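Shown here is a partial selection of chains from the complex, left in place.
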Amino acid sequence: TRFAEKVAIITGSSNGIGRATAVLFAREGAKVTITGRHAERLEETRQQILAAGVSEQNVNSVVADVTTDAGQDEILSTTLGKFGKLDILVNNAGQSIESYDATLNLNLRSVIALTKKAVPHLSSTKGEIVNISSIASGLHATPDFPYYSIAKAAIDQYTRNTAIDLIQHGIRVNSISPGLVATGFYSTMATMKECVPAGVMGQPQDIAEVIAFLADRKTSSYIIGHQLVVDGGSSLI
Amino acid sequence: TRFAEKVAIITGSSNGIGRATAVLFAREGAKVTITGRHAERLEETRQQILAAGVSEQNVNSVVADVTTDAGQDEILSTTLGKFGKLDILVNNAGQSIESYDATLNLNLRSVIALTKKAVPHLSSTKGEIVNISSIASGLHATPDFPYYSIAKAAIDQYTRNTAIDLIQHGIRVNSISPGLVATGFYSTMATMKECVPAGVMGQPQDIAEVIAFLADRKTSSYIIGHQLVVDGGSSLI
Amino acid sequence: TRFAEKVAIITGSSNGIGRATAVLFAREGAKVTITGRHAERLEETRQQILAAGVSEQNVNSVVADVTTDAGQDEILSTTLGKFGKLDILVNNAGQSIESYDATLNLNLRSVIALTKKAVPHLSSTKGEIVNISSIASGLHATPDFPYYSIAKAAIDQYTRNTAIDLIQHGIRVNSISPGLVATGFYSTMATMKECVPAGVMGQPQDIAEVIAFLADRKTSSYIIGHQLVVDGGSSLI
């Protein structure tokens, strides 16, 4: 299967998108490092991987704060130690000024810091980076998520910037902007049909498939620095 | 393989992108209708499909002018006759005012006309539409291709519009904007490295993989009305 | 006043935006050519100009079909004859395939044809071109206006393309994408407040001011090839 002999780090993999991505990549033969601050949620991800029939040897669980220098180093050091290399990095991490600081620290700062540390290793394997953004970022307003949206807008710009700089080191960088996603009455179902053209709510697995597509050169090698929107058409309304 | 029991029409399949797409889909198990005005070029596509080991029964060759009402009807009538249904439509068709007229007629008008005719059948199979545009269309200038670019810009808008309207009929619509693609010295290689961040020229197959990705619900169901750029990063420079 | 000793052609000036623009420019001292197919509506524009206290000598009324070669030539020939030169061109001209043809002919084809004819004269005065588009064109869907929207999307691309090509001839090109505009209960007022963030409906004069801004080098010389959205914030929702 694709990703055989590939090693991937998936941040924010203790739930939803990150979790589904880890399970998918693992099932695809990759050697995955899952990480998060909530050990119990993270172990649940590990259990879904094992349940899928994947060997426990292909999973590296790291409980850490990705916003700290030590957490970042631990995430990276344990993956290189156990797997020997790094091929894929899926950056899936993530009102008062205090909320602004916390929001940008997690959604932007930690991604930049972790990525800079991973670059040397990704260059060695001519790896891939997939940044998870959000349609919160786009040519429209997102007042309900003031700081999350601008942090993601910076993530989009960061993706374009790093894609051009890092491709010179054999690294492919792209991003995905998911719309509404659940599974991580009549009135609610009606509104759903109205707000999501697709007529169905997005699923963690739907996003995981797209992440895999972008992490696999066999299927997307010529796609570079693109912001791939996966929102059932919501942002077009 | 994916696309098994699926029927696809690929316009502009007598060369490059269209040809590689037809071969890929056929190899994937789909029943394909290839079409173009140059019979010899089209037969060459058919031969590559056969050479790939695909049964001749899975290929419907239609020599016709996709800009004419009759050509359009022939393309569609022969596919429904031989295959009984239609699941996928890959719209890959495509200075003086005369050049403007010819350019828009082929790149925009014929696509709209063919699509309108296909809609009823695509609705029946909850099919997919993949419109092939170009980075000639985008938030930048493209003076070397005055009419081709604006026609593609209309294709992008048309894609967004139809994606929202047609998803109500179970049809998924998306588009792809390819950058430079070849295979359909030192100075030239240097300039190439400079103009294409990827450092390598795009290949027809690279675009075909992305078309397949978008035509396959298993891999992209939640992607709707998106303009997927596949240009090795060129448009970001 | 600005536009003194300047000559401008305003198409679609028999009503709304075009009419308000003609009155504004005339009041600003420019020598204006108004045009349209409905003579009575056009004369009404002329009367508003005269009522504003502008000399009848500064107004050239041309009743013609801007989609025809003859109409185009008449519009241009009469302006150069009466005024001797051309400084500004405001291109404000503007389902079955038949509706598609009519829509693109007026909204795209005629603009390209007229502009090509005006270029030589605009180069002589280092003039300005202001293309009137619509938020119907943008990174979103516009299903209620299928052909009008794609034609405007092509207008946006055309604006970017010509801005780069024509600036080499001393001509500045930009475009404006107006949102909802009127003046060319409680339930309706409520919905209005909801659909237009501005809380007030756009007015022809609001758009005219922006056209003047872009036609005046003293206020916007460094703005080139930009798509200026004037929609009270509607497209951001």
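Read from first to last, the chains carry the letters A, B and C; within each, the first residue is number 1.
Just so it is clear, contacts are C-beta pairs under 8 Å (C-beta built on N, C-alpha and C of every residue); 3 or more make two chains touch, one makes a residue touch a chain.
Every protein chain here shares one sequence; 3 sit in place, and the complete assembly counts 4 copies in total.
FYI, only the chains that are shown with their structure count from here on.
One inter-chain figure worth recording: subunit B and subunit C are separated by 35 Å, centre to centre, where each centre is the mean of the chain's CA atoms.
Look at where the CA atoms of subunit A average out and do the same for subunit C: the two points lie 45 Å apart.
For subunit A, the set of residues that touch two or more other chains comprises 233, 236-237.
The part of subunit C that touches subunit A in the complex is made up of residues 138-141, 233, 235-237. Here subunit A touches subunit B in the complex through residues 160, 163-164, 167-168, 179, 197-199, 202-203, 206-207, 209-210, 213, 218-226, 228-233, 236-237, going by the rule given at the top.
By the touch criterion stated above, subunit B contacts subunit C in their complex at residues 97, 100-101, 104, 108-109, 112-113, 116, 137, 139-143, 146, 149-158, 160-161, 163-165, 225.
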